[PDB]
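As a starting point, one isolated chain is supplied in structure tokens, in the form deposited without the partner chain.
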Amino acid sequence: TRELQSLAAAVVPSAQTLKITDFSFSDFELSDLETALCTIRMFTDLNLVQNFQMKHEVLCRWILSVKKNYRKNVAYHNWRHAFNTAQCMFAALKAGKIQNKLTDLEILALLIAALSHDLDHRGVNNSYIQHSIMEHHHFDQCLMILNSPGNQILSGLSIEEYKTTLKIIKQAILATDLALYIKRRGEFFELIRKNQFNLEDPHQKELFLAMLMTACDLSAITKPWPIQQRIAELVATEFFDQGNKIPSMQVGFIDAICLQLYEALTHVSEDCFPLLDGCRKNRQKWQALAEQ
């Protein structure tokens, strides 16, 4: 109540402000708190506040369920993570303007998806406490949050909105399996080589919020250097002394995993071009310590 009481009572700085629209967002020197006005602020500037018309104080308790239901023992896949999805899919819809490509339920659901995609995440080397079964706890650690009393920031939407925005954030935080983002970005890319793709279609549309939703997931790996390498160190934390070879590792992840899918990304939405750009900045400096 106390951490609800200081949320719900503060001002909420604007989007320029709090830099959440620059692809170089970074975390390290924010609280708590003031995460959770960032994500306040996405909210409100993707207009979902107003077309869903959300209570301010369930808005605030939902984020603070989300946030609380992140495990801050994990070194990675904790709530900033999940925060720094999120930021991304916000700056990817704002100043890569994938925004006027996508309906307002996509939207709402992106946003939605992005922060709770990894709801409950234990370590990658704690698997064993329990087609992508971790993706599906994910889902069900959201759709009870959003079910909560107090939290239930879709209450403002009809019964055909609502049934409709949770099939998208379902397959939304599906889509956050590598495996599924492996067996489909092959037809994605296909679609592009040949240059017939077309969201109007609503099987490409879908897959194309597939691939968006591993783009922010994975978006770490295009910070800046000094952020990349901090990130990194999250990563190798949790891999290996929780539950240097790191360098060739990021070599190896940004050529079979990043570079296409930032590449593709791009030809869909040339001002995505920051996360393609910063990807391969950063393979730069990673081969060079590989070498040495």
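We call the rigid core the largest set of C-alpha positions that still match within 1.5 Å between the two forms. Residue numbers count along the first chain shown, from 1. First, how it differs from the form solved in complex with the partner chain.
- Core-based superposition between these two forms leaves all of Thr103, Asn125, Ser155, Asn73 but one with CA shifts under 2 Å; the exception is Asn125.
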The other form holds:
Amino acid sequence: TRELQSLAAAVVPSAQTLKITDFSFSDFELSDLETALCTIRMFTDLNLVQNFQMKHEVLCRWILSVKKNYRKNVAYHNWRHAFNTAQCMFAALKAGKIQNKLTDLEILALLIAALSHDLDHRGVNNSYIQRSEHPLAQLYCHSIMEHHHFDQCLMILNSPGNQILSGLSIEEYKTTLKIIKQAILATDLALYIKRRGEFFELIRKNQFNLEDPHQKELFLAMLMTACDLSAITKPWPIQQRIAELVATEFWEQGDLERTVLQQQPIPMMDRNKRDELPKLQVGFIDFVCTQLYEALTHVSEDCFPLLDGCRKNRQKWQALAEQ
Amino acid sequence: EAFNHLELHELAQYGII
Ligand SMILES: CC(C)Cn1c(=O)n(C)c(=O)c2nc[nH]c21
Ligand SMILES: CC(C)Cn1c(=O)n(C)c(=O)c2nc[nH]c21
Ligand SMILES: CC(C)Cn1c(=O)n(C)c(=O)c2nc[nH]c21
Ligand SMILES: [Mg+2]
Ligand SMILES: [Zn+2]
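Since the one above is the form deposited without the partner chain, can you give the form solved in complex with the partner chain too?
Following is the full complex, with the preceding chain placed first.
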């Protein structure tokens, strides 16, 4: 509660000051309070704060709430991931110049979504929770975790003194929430795969066009994924270290798989195989990433730094894979 | 989570599905 006092009374530095306009941005050295501050600057500089009558008081409480609802004990999927995603998302709209391509309702939704896309993530993938018959699997059908992340997001927005949306007409609110649901679900890698093909072609065939309502909301999914794993597009020293966390969290799951599940983990989560990391990274980048960031640049050239940083790390992993 | 059977190996060897 004092955390709210101190926060809702500190000066929010400029975006320039905070270097949040950068695709090459890092949080490693920021404090907790600083990250929250960036967030506020994000909302502010996207005009979300003024166009939706947000009270400094409320936004602050809300942000704080999301912060405290990411698990500390969880290796990669903690608050700094939600934060690094939203900053990527923010960088995309500004420097990548996409803001000029979509509505204020969409921007708001993307930001709120980016921030909460992994709420209460318990450091384990959809595959595991399904195969271990977690009650969450009994509750939700497909995109289990992502459904939960949203159930949470929404719980918080309905919390008292957290209604950062309170200012919206009922129609606005109603469709914002729709988009937010779509956004969070889109961060399910399975949907990214089962949908990206479609989108890769409209690009390929120089046919892709935002105006099209459907073509847009597809792209909005693709944009979510884009930011969700933007970490892979970071300077080597950063990519290095954040890959260290993904590493541990995976291995942590791998342990559970053979200790409670009594199965063998995939090599990627097989702690013992730590020496096959870099090729596993390479294959993943090839399979999941380059493909996507290429696309994103065709849509917006100013988004190229992402593609550049991506293949640049792929370069360094490949080298390593060859010892 | 039903995908083409050819995809299935790659999908699984990464944390997906
Ligand atoms: C759109 C909304 C009214 C539906 N909805 C929802 O999907 N979840 C998960 C909730 O927890 C919730 N609470 C009120 N409405 C809710
Ligand atoms: C339908 C309405 C009474 C509920 N409601 C709400 O719960 N939150 C959080 C809002 O931001 C909002 N804006 C309009 N209505 C809203
Ligand atoms: C959430 C996670 C499975 C996605 N993800 C990611 O974001 N980065 C950066 C990786 O290097 C990686 N490797 C496997 N999955 C990965
Ligand atoms: Mg997710
Ligand atoms: Zn995520």
